[PDB]
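Colleague: The chain contents come next:
Protein chains: 2
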Amino acid sequence: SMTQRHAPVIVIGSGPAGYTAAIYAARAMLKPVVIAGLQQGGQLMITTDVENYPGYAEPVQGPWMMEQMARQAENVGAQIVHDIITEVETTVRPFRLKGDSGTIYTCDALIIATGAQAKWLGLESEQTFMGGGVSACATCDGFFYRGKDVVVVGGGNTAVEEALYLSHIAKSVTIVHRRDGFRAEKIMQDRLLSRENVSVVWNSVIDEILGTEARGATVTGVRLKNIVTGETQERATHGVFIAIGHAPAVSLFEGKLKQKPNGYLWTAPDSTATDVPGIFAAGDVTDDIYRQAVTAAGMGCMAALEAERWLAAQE
Amino acid sequence: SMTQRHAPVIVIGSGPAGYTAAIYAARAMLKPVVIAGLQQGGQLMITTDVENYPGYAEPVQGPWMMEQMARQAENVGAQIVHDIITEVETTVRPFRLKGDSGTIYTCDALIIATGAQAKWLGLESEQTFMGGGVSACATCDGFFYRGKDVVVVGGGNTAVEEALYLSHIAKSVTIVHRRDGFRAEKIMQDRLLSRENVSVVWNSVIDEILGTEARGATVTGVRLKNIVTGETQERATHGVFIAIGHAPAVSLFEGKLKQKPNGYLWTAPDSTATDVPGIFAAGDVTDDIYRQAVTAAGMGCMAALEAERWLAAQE
Ligand SMILES: Cc1cc2c(cc1C)N(C[C@H](O)[C@H](O)[C@H](O)COP(=O)(O)OP(=O)(O)OC[C@H]1O[C@@H](n3cnc4c(N)ncnc43)[C@H](O)[C@@H]1O)c1[nH]c(=O)[nH]c(=O)c1N2
Ligand SMILES: Cc1cc2c(cc1C)N(C[C@H](O)[C@H](O)[C@H](O)COP(=O)(O)OP(=O)(O)OC[C@H]1O[C@@H](n3cnc4c(N)ncnc43)[C@H](O)[C@@H]1O)c1[nH]c(=O)[nH]c(=O)c1N2
Ligand code: NA
Ligand code: NA
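Residue numbers (the deposited numbering), protein chains in the order written: chain A, 0 to 214, 218 to 317; chain A', 0 to 214, 218 to 317. A prime marks a further copy of an entry chain.
Everything labelled a hint here was simulated from the structure, so no lab data went into it. Any given hint could turn out to be false.
Since the list gives no way to pick out one identical chain from another, each pair is judged satisfied if it fits inside one copy or across any two copies.
[Said to hold, decoys possible] In silico DSBU-like cross-links for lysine-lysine, where the CA-CA straight-line distance does not exceed 35 Å:
no.	residue 1	residue 2
1	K185	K258
2	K97	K30
3	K260	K227
4	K260	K185
5	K147	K185
6	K30	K147
7	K170	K260
8	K185	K30
9	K260	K147
10	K227	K30
11	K185	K97
12	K170	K258
Could you put the whole structure together from the sequences, leaning on the hints where they help?
Modeller: Below you can see the structure in the form of structure tokens.
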């Protein structure tokens, strides 16, 4: 493989943040290279039903949308490279990245768009029912559960937020959490629990998600286990939302870039600037608040424009 | 017309910010109404060539894109109303808006997405050559002027920023400004003027943009006038970028919502919250930094999610 390769901008990640950064950087003649990573196209690759990305009259599949973005990025002059970054040197100029290929990449500005994957319980039945009643995004799928009974799993701020959102849409929400209480801001927790259509099953986990045969397989219930006693119980439900948190993809940057208390990369207000000039971060690796494709794309744009302005200031 | 009409969320504006807010609000079952305003579809209605909105492999026309967003918004349950808001009462609950129709609209949360139109010189030749060498957005059109000679008109921070961006792409940039010096941050101005491919014509205006007959009409030069002496001169050019600033659409909110020193609506960091709880602002009415369709759409999303969270907190 190539020993070493320089681009003015390198984007790490090929989700909507990375592709958008690449589109804008390429149109500014910064000849960007996108390092695609392990999942070219990012987390939208695992959904077949996108309805809230603005600009498509009808629902689209995630892979189809991300193919359009990839094509767009290469059409305007970005180059997509199939590699995974394994190390980043943040204290040298040009910045230096090592690929799993062995190639050393160098760049004058770096845009980090590595994402923050939803965490899952680790059940085979999560896969079986994925998109047929199992979701990790209430914003995305809540609408389909209008007047239906759903379960939310988790007990942190994410679960409280997802349950509160769903309580306004679903007929009922049952939250299942392995501890005896929420580990979330008290005002939010009180607000959620006071809703008449919300109940909680404490000290419990999902033992299995139950449903029909894959003709798709559709959720019809859950088996819960009390983790104190081991006793199980089964209940009917129409949907299960897994809300146990997200894992920002920050292992390259730990100890090198400022992080927020929860692990997400810190960026400046109304900006993608990290605490190292010339390194920008866009999308779900920094955004723990909105977590949408369009917000991720918007940040990608911001990062390219900021990178361009910064590079001009270095000349 | 109707005397009075309530929606949980009302969005003022039907550009990418307004439509995106409507899409997300409708999918949260907040039954939003969008007040379309004078230009349904917003400022993208006047461009036939969009290439940097992520998710379209090939270039699209602005009207076509904005029709897709309008259709999407109504498909997911938003309602578009053809009216213009003429007054907003920001100190009452529910918020009250008056339409030019005479209808009184009321809402529990308000999302402002009224935009900030580029200002133009007021020349007939600006219209003639629109999209054939006259532009008000270097980010949008600069790419096409790779190795070409262009003119930038203006002398504020916007003109300095647009010229600096273009100096990296175009063969040359000639800035034309009616004063003897820039009215921009000194570090930026020094950086621009030191570029070897940048020149300036001070104390002057564009008297006319010159070019070919509309077969489209294509720019080939400009006539400049010194506004001290009245003397004119003519020069060849391939493109003219009008960079005299933008006009945030804030006349409804002057004296009622916090504004930034330049007139744009103030919003909180990493947020669309204005200084009145339950009133959010998204898109170019608040964003004087990025000014793109995708950033505007991203803010629309943010406003809907924040509005939804806020409404839940009121219940
Ligand atoms: C099941 C499901 C369904 C939905 C959603 C999530 C989930 C889990 N979302 C949320 C959406 O997926 C999320 O907001 C975006 O994917 C975030 O985009 P990013 O570009 O930030 O990261 P994203 O996670 O998409 O991409 C990260 C990229 O970084 C790369 N990467 C990571 N480490 C790397 C390394 N070391 N080297 C190189 N590359 C590396 C990966 O390969 C990947 O390409 C969503 N949103 C929405 O708006 N509408 C919707 O319908 C849905 N639906
Ligand atoms: C010539 C040209 C070309 C481009 C661009 C600009 C210009 C001038 N842009 C920038 C882009 O147009 C801009 O970023 C967005 O239109 C901003 O979207 P908003 O939704 O914020 O406002 P936008 O201006 O689009 O919409 C404002 C809406 O508010 C409404 N409104 C105002 N007052 C009202 C009232 N009192 N009552 C009701 N409604 C009211 C209007 O009717 C309108 O529908 C662009 N960006 C990009 O990303 N790619 C590109 O190629 C281009 N190209
Ligand atoms: Na930030
Ligand atoms: Na803000």
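Colleague: Are the hints correct? Go through all of them and say.
Modeller: So, going through the hints one by one against the coordinates:
{"no.": "1", "hint": "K185 to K258", "result": "both (33 Å within a copy, 33 Å between copies)"}
{"no.": "2", "hint": "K97 to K30", "result": "within (19 Å within a copy, 50 Å between copies)"}
{"no.": "3", "hint": "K260 to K227", "result": "neither (39 Å within a copy, 52 Å between copies)"}
{"no.": "4", "hint": "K260 to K185", "result": "both (28 Å within a copy, 30 Å between copies)"}
{"no.": "5", "hint": "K147 to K185", "result": "within (27 Å within a copy, 60 Å between copies)"}
{"no.": "6", "hint": "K30 to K147", "result": "between (50 Å within a copy, 19 Å between copies)"}
{"no.": "7", "hint": "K170 to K260", "result": "neither (42 Å within a copy, 39 Å between copies)"}
{"no.": "8", "hint": "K185 to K30", "result": "between (49 Å within a copy, 29 Å between copies)"}
{"no.": "9", "hint": "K260 to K147", "result": "neither (42 Å within a copy, 42 Å between copies)"}
{"no.": "10", "hint": "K227 to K30", "result": "neither (54 Å within a copy, 38 Å between copies)"}
{"no.": "11", "hint": "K185 to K97", "result": "neither (44 Å within a copy, 39 Å between copies)"}
{"no.": "12", "hint": "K170 to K258", "result": "neither (46 Å within a copy, 39 Å between copies)"}
The structure fails hints 3, 7, 9, 10, 11 and 12 (numbered hints given earlier, in ascending order).
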